[PDB]
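Asker: Here are the chains, one letter per residue:
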Amino acid sequence: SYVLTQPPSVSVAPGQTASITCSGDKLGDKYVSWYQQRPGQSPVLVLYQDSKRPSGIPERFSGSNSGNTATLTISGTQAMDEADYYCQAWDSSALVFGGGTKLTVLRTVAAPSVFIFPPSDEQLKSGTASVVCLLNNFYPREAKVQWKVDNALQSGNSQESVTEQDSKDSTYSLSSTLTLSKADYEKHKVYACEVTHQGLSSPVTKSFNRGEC
Amino acid sequence: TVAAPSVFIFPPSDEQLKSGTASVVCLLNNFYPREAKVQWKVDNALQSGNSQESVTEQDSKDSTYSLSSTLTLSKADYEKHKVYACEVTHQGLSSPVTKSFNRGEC
Amino acid sequence: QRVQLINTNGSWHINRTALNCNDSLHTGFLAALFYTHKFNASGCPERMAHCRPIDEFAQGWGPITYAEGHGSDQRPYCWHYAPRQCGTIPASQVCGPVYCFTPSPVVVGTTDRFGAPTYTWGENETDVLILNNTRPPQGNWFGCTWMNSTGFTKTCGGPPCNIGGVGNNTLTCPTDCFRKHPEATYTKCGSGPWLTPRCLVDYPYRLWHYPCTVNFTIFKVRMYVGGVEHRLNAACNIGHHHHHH
Amino acid sequence: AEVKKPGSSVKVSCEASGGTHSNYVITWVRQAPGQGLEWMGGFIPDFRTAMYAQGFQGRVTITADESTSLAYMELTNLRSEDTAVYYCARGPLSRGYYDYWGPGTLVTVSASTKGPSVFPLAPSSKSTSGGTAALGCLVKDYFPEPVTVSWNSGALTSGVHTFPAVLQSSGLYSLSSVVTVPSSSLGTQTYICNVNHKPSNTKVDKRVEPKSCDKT
Amino acid sequence: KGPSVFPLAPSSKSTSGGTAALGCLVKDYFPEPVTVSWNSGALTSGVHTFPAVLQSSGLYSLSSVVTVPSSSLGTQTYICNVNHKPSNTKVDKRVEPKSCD
Ligand SMILES: *[C@@H]1O[C@H](CO)[C@@H](O[C@@H]2O[C@H](CO)[C@@H](O[C@@H]3O[C@H](CO[C@@H]4O[C@H](CO)[C@@H](O)[C@H](O)[C@@H]4O)[C@@H](O)[C@H](O[C@@H]4O[C@H](CO)[C@@H](O)[C@H](O)[C@@H]4O)[C@@H]3O)[C@H](O)[C@H]2NC(C)=O)[C@H](O)[C@H]1NC(C)=O
Ligand SMILES: *[C@@H]1O[C@H](CO)[C@@H](O[C@@H]2O[C@H](CO)[C@@H](O[C@@H]3O[C@H](CO)[C@@H](O)[C@H](O)[C@@H]3O)[C@H](O)[C@H]2NC(C)=O)[C@H](O)[C@H]1NC(C)=O
Ligand SMILES: *[C@@H]1O[C@H](CO)[C@@H](O[C@@H]2O[C@H](CO)[C@@H](O)[C@H](O)[C@H]2NC(C)=O)[C@H](O)[C@H]1NC(C)=O
Ligand SMILES: *[C@@H]1O[C@H](CO)[C@@H](O[C@@H]2O[C@H](CO)[C@@H](O)[C@H](O)[C@H]2NC(C)=O)[C@H](O)[C@H]1NC(C)=O
Ligand SMILES: *[C@@H]1O[C@H](CO)[C@@H](O)[C@H](O)[C@H]1NC(C)=O
Ligand SMILES: *[C@@H]1O[C@H](CO)[C@@H](O)[C@H](O)[C@H]1NC(C)=O
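Chains as they are written, first to last, in this note's numbering: chain A, 1 to 213; chain B, 1 to 106; chain C, 1 to 245; chain D, 1 to 216; chain E, 1 to 101.
In short, the hints are calculated from the structure, not lab data.
Just so it is clear, CB atoms sit at the ideal spot from N, CA and C, and this is done for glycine as well.
There may be inaccurate statements among the hints.
[What the hints assert, rightly or not] Below, in silico cross-link-like pairs of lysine-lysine (PhoX-like), each with a Cα-Cα straight-line distance of 20 Å or less:
| # | chain 1 | residue 1 | chain 2 | residue 2 |
| --- | --- | --- | --- | --- |
| 1 | B | 99 | B | 80 |
| 2 | B | 80 | B | 41 |
| 3 | B | 18 | B | 75 |
| 4 | D | 114 | D | 206 |
| 5 | A | 148 | A | 206 |
| 6 | E | 90 | E | 1 |
| 7 | D | 114 | D | 203 |
| 8 | E | 13 | E | 98 |
| 9 | D | 126 | D | 211 |
| 10 | E | 98 | A | 125 |
| 11 | A | 182 | A | 148 |
| 12 | C | 38 | A | 52 |
| 13 | D | 4 | D | 114 |
| 14 | B | 99 | D | 211 |
| 15 | B | 99 | B | 82 |
| 16 | B | 18 | D | 211 |
| 17 | D | 211 | B | 82 |
| 18 | A | 187 | A | 125 |
| 19 | D | 114 | D | 198 |
| 20 | A | 189 | A | 206 |
| 21 | D | 206 | B | 18 |
| 22 | A | 206 | E | 13 |
| 23 | A | 125 | E | 93 |
| 24 | A | 182 | A | 125 |
| 25 | A | 26 | C | 38 |
| 26 | A | 144 | A | 206 |
| 27 | E | 98 | A | 206 |
| 28 | E | 1 | E | 85 |
| 29 | A | 125 | E | 1 |
| 30 | E | 93 | E | 1 |
| 31 | B | 80 | B | 18 |
| 32 | A | 189 | A | 148 |
| 33 | B | 99 | D | 126 |
| 34 | A | 125 | A | 189 |
[As the list claims (entries may be wrong)] Chain E residues, not near chain A, derived (Cβ > 10 Å throughout):
| # | residue |
| --- | --- |
| 35 | 33 |
| 36 | 69 |
| 37 | 73 |
| 38 | 74 |
| 39 | 75 |
| 40 | 84 |
Work out the full structure: start from the sequences and follow the hints.
Answerer: Spelled out as C-alpha cells, the structure:
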C-alpha cells in the first residue's frame, strides 16, 4: 500500500512564510498536485505538476519537489489563506490523497478606539435623549462596555450592535446606545463610558459633563 | 428550601471488562437548585471532554433535580490509575465533596 | 465542427473508431491513460539512446531518392524511421482513434470495403480501415499513427527521402533534414507527425502514443503547404538549441 | 437530507459526452466529515472501459448513457461508514490532475437496528448510618428509540429514576436506571432490571446484587 | 413616519493626530431597510453602518459613523443622506461641529 503523510497542522504569522511538506517513498519521480479546500467548499486546484501554477492563483503560492518531499511554500500569508491543503500523487494505477494539513493564520490584537457623542439638541427637544458609545477597529471580539451616570451603573435601557469582521484587517466594530427620558437625562451631571478589553492595561474612560458647551 | 445533593459512584461491571470497554457513572440524587458541576479526577488529575450528563425534571410533588455523569474509558485504559474520584460542587455543602474508590480490592 | 467521407476534422469524431483493446497482457497500457510518468521514471533513456541525436550522417548528395523499402521492426519512439506505405488495415487490430495528419490532425473512422460507413464500434470482423496515404498536393495525408490492440504503437506514411555515405553512414530523414539536402521541407519529405527532429504535432492523444515526450513544451506555429495555409500548435522540447532555425 | 436505509443503493450523476470527442476523464471522490479524500473509480468517455479502486471493488458499478449525455455510478449495500459528501471531478485526458471539482452531494445513513446491552452497577457494600443505597441497571449501545425499564415486573415504583436517553459519540444511544432502597433490605429481597425493546423484540432480565470483596 | 436623522457631532476639540469620528443616527423607522450615503454617495474609506437594532416598542434603529482627519473639519463639510423606501423619503442633514463657546 502507498501512503502519503503531511504535518497535521501549521501555524504562521501574517507576512511570514509557511512550509507544507508532502512526504512518501521516492516521491521525487511522481507528478504531485496541490488542492486547497476551504470549509464547506469544493476543493480547487492550486498547483499541478510540481511548480506549474494555473490561471487565477496569485504569485504568492509556490512549490518544489525533490528527494522524498514536496513543498508548498506560501509567502506573505494573510487571513484569506486559511484552509485545508491536500497533496496528490499517482502510483500502481491507483490514486492516493495525502492527509489533510490545516493552515491557520494567527491574528494580532488591536486596542479599541472609544468615542462618545452627547445627545443632539434637536432630539432633546423631542423628549428623548440618546447617548452613543462607539468602539471600532478592535480585536478580539470579546469586549465589554459599561455605562456610568454620575457614579451609578446602568442596567438595561441599552442596545448593543456589532458589524461583521473585516477580511483585510480582521477587526470588528461596536456601538452602544443609551436612551433616556427628557426629565431623567437633565437630572444628572457627569456621563462616562467605560471599556474593558484585551490590549488595554487598564479600563479606559471617555466622559463628559452636560451643559458645558 | 435548599436541599444538598447525595452523590454516588458505581465502579464498572465485571462483564464490561470482557467487552474491551470501561464506563464509570457518577450519580447525583435529589437536589433543589439546578446549578451543579461534576469534575472527573483520576489519580489526582482532572479530565474533561470524554464525559456526558443527563437530567430529569422535578416531579409533581417535589422541586428537586437528578443528574448523572457517565465517564467512558477505552479498553486497557481502566487497567491503570489505581485511584478514581468524582467531585461535586453545589450550594449548601460546607465544602466540595469527593467520593472515591480504589480500583483494586473490589 | 465538420464531418466528411473520412476526415472527421474540427476535433469531433463520434463513435466510428474501433474499440478492440485486449487486456491479457499485464503491461496495462490502457490503465496508463489517466496519468503519465516522469521522463526518468519510465526508463526512457535506454529506449531513447538507440538513435543519433543531432548529426547522424551528412550529405547523401543532391538527388532526392525514394527507396521506402520497409520499416517494420523498431518502434517509432524517436524520429528515426523509414515507415512503409499502408493502404488498408483490418479493424481487428485498432484500439482507439486513428489520428492522421494533413499535417493538421485528422481522424479516420471505420468504413466498409466498398466505403459505406459502419456503426459497430469496430466489433464486427469485416470492419476495415481504408487509408491510401498520399501527399497533400496529390490529396490525402502524409501518414499517420494508432495503437495496436496488444499495446504497441504503429506508424505509416509515404516514402522517406534517402541520404547516406559509405562508412555505415546512412541517414534516411523522414522529416526536416533541412541542412542535409537541397532544401528538404516537410511538404516534400514529411512522412509522419515529426515536424522536425525535436518537435511533434500535438493532438489530444499525443501523450498516449509517445509518452517519452511528456517533458515537451507547447508552441503555436504557422505552416504553408502546397498553396494553402495551416494554423497549428506543435510540441517542441527546450533541449539546448536555437529554435529560430 | 433524506437518510438512506441501510442495504439500499445510491446513484451519483456527472455530465458525460453525448457520443463525440470528450477530452476529459471523469472520477468520483468522497470526503467523510473531517477525514480527508478518497478515490473510487474513473471513466473515459472515448473508451467505455471503467477503472475501479481496490477498496470499493465489490460495490461500485460505473455506466453511462450517451443519449442523455450523463454518466452515473451505482453504490450498493450502504453501511454506516458510507456517510460522506460525494464529489465529481474532471481532469485533462492524460495529465492526471483533477480540475473543476463540481458541487458535492451529501448522503446519510442511519446505522443499523440492534438490541441493547445490559450491565449491572454494584451497590455500595459499606454500612451507612442513614441506611440508603443506590442500585443501578445500565442499558447502552442500542438503536433505535425508545426503551422501557421496569423493576420486579413493575411491582416496584417508589423512587425509580430513569434518566433520558443521551446520544453516544458512535451514533447509538445510552441510558441509565437507578433506585434508592433501604440498606437493611439488600440481602433479603431480589432486584431485577427488566429491559424490553420492541424494535428488536428483545426482552432481557438481569439480577443486581452487591458484588464480592473476596469475603464472599 | 420618521427619518429622524440626528447629528453625532465630533468632540469639542480633539485637536491632535487622533482622527475624530462623526455620524448620523436614524431612529424610529419601519419597515427595513434604509440606505445611508455620505457626500454624493462617493465616500467609502473608514465608513461603518451598524446593523439595525429592534427598539423596545417594535421600532428599528441604526447608526452610521465615519472617521475623518481632525484638520479637515475646518474647511471640508459632511452630509448624511438616508433613503427609506416605504416612505419614498430621502433626507439630508449637515453634521456640523459644535460651537464650543
Ligand atoms: C454509432 O454512430 C452514431 C454516432 O454518430 C450513433 O448513431 C447515430 O449517431 C448519433 C450520435 O452520434 C445518434 O444520436 C442522435 O443523433 C442525432 C444527433 O446526435 C449526434 O451528435 C451530435 C450532437 O452532439 C450531432 O450534431 C450529430 O448530428 C449526431 O447525429 C439525433 O438523432 C439525436 O439528437 C436529438 O434527439 C432527438 C430525439 O430524437 C432528435 O429528434 C433531435 O434531433 C435532437 O437533436 C441524437 O443525438 C443518432 O440518432 C444515431 N442514429 C443512428 C441511425 O444510429 C450510434 O452510437 C452508432 N450507430 C449508428 C447507426 O450511427
Ligand atoms: C500489434 O503491434 C505490436 C507491435 O509491438 C505487436 O507486438 C509485436 O508482435 C510481433 C509479432 O508477433 C513480435 O515480434 C515477433 O513475435 C513472434 C513471437 O511472439 C515471433 O514470430 C517473431 O520472431 C518475433 O518475436 C513483437 O513482440 C512485437 N513487435 C515489436 C515489439 O516491435 C502485436 O502483436 C500486434 N498485434 C496484432 C498484429 O494483432
Ligand atoms: C488503398 O489500399 C491498398 C493500397 O494499395 C489497396 O488495397 C489492396 O488490396 C489488395 C487486395 O487485398 C492487396 O493487393 C493489398 O491489400 C492492397 N494493395 C497494396 C497494399 O498495395 C487499394 O487498392 C488502395 N487504393 C487506392 C490506392 O486507391
Ligand atoms: C458484420 O459483418 C458481417 C459479415 O460481413 C455482415 O453481417 C451482415 O449484416 C448485413 C446487414 O448489416 C446483412 O447484409 C447480412 O445479414 C450480413 N451478412 C452479409 C454478408 O451481408 C456485415 O457486413 C457486418 N455488419 C454488421 C452491422 O454487423
Ligand atoms: C483478450 O484478453 C484475454 C484476457 O484478458 C485473452 O483471452 C486474450 O488475449 C484476448 N481475448 C481473446 C478472446 O483472444
Ligand atoms: C533523471 O534526472 C536526472 C537528470 O535528467 C538524471 O541524471 C537521473 O538519471 C534521473 N533521476 C534522478 C533522480 O536524477
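Asker: Against each hint, give a clear statement of whether it holds in the structure.
Answerer: Hints versus structure:
1. Restraint check for residue 99 of chain B and residue 80 of chain B: satisfied, since their Cα atoms lie roughly 19 Å apart, inside the 20 Å limit.
2. As the CA atoms of residue 80 of chain B and residue 41 of chain B are separated by approximately 14 Å, the hinted pair is consistent with the 20 Å bound.
3. Distance restraint check for residue 18 of chain B and residue 75 of chain B: the Cα-Cα separation of roughly 9 Å lies within the 20 Å cut-off, and the hinted pair is therefore satisfied.
4. Proximity of residue 114 of chain D to residue 206 of chain D is assessed by CA-CA distance (about 19 Å); at most 20 Å being required, the pair is judged to hold.
5. Using a Cα cut-off of 20 Å, the hinted pair residue 148 of chain A and residue 206 of chain A holds, with the two alpha carbons roughly 10 Å apart.
6. Proposed proximity of residue 90 of chain E and residue 1 of chain E is supported: the alpha carbons are some 12 Å apart, at most 20 Å.
7. As the CA atoms of residue 114 of chain D and residue 203 of chain D are separated by approximately 13 Å, the hinted pair is consistent with the 20 Å bound.
8. Simply put, residue 13 of chain E and residue 98 of chain E have alpha-carbon atoms about 9 Å apart, close enough for the 20 Å limit, and the pair holds.
9. Pair hint residue 126 of chain D plus residue 211 of chain D holds up; C-alpha atoms about 11 Å apart against a cutoff of 20 Å.
10. Among the hinted pairs, residue 98 of chain E with residue 125 of chain A is consistent with the structure: their alpha-carbon atoms are about 17 Å apart, no more than 20 Å.
11. For the hint linking residue 182 of chain A to residue 148 of chain A, the alpha-carbon distance of about 18 Å falls within 20 Å, and the restraint holds.
12. Our distance criterion of 20 Å between C-alpha atoms is met by residue 38 of chain C and residue 52 of chain A, whose separation comes to about 15 Å.
13. The straight-line distance between the Cα atoms of residue 4 of chain D and residue 114 of chain D is roughly 17 Å, inside the 20 Å bound, and the hint therefore holds.
14. For the given pair, residue 99 of chain B sits about 18 Å from residue 211 of chain D by alpha-carbon distance, which is consistent with the 20 Å threshold.
15. Restraint check for residue 99 of chain B and residue 82 of chain B: the C-alpha separation of about 14 Å stays at or below 20 Å, so the hint holds.
16. About 17 Å separates the Cα atoms of residue 18 of chain B and residue 211 of chain D, which keeps this hinted pair within 20 Å; it holds.
17. Between residue 211 of chain D and residue 82 of chain B the CA atoms are separated by roughly 19 Å; this keeps the pair inside 20 Å, and the hint holds.
18. For the proposed pair residue 187 of chain A and residue 125 of chain A, the alpha carbon gap of about 16 Å is at most 20 Å, so the pair holds.
19. A hinted pair counts as satisfied when its Cα atoms are at most 20 Å apart, and residue 114 of chain D with residue 198 of chain D qualifies at roughly 11 Å.
20. Restraint check for residue 189 of chain A and residue 206 of chain A: satisfied, since their Cα atoms lie roughly 14 Å apart, inside the 20 Å limit.
21. Distance hint between residue 206 of chain D and residue 18 of chain B is fulfilled; the C-alpha atoms sit about 17 Å from each other, no more than 20 Å.
22. Between residue 206 of chain A and residue 13 of chain E the alpha-carbon distance is near 14 Å, which keeps this suggested pair within the 20 Å criterion.
23. A distance of roughly 17 Å separates the Cα atoms of residue 125 of chain A and residue 93 of chain E; the hinted pair therefore holds under the 20 Å criterion.
24. Only pairs whose Cα atoms come within 20 Å are accepted, and residue 182 of chain A paired with residue 125 of chain A is accepted, the gap being roughly 8 Å.
25. Restraint check for residue 26 of chain A and residue 38 of chain C: the C-alpha separation of about 12 Å stays at or below 20 Å, so the hint holds.
26. At most 20 Å may separate the alpha-carbon atoms for a hinted pair to count; residue 144 of chain A and residue 206 of chain A meet this at roughly 14 Å.
27. Among the hinted pairs, residue 98 of chain E with residue 206 of chain A is consistent with the structure: their alpha-carbon atoms are about 18 Å apart, no more than 20 Å.
28. Between residue 1 of chain E and residue 85 of chain E the alpha-carbon distance is near 11 Å, which keeps this suggested pair within the 20 Å criterion.
29. At roughly 18 Å between alpha-carbon atoms, residue 125 of chain A and residue 1 of chain E fall within 20 Å of each other, so this suggested pair holds.
30. This hinted pair checks out: residue 93 of chain E and residue 1 of chain E have alpha carbons roughly 17 Å apart, not beyond 20 Å.
31. With a C-alpha separation of about 16 Å, the suggested pairing of residue 80 of chain B with residue 18 of chain B holds against the 20 Å cut-off.
32. Distance hint between residue 189 of chain A and residue 148 of chain A is fulfilled; the C-alpha atoms sit about 11 Å from each other, no more than 20 Å.
33. Of the supplied pair hints, the one linking residue 99 of chain B and residue 126 of chain D holds, its CA atoms being roughly 13 Å apart against a limit of 20 Å.
34. Only pairs whose Cα atoms come within 20 Å are accepted, and residue 125 of chain A paired with residue 189 of chain A is accepted, the gap being roughly 19 Å.
35. For residue 33 of chain E, the non-interface assignment is confirmed: its Cβ lies about 14 Å from the closest Cβ of chain A, beyond the 10 Å cut-off.
36. At roughly 14 Å, the least C-beta separation between residue 69 of chain E and chain A is larger than 10 Å, which holds for a residue marked as non-interface.
37. With a minimum CB-CB distance of about 14 Å to chain A, residue 73 of chain E clears the 10 Å threshold, and the non-interface call stands.
38. Here residue 74 of chain E stays apart from chain A, with its beta-carbon at least about 18 Å from theirs, past the 10 Å limit.
39. At roughly 22 Å, the least C-beta separation between residue 75 of chain E and chain A is larger than 10 Å, which holds for a residue marked as non-interface.
40. Every C-beta of chain A lies more than 10 Å from that of residue 84 of chain E, the closest at about 18 Å, which supports listing it as non-interface.
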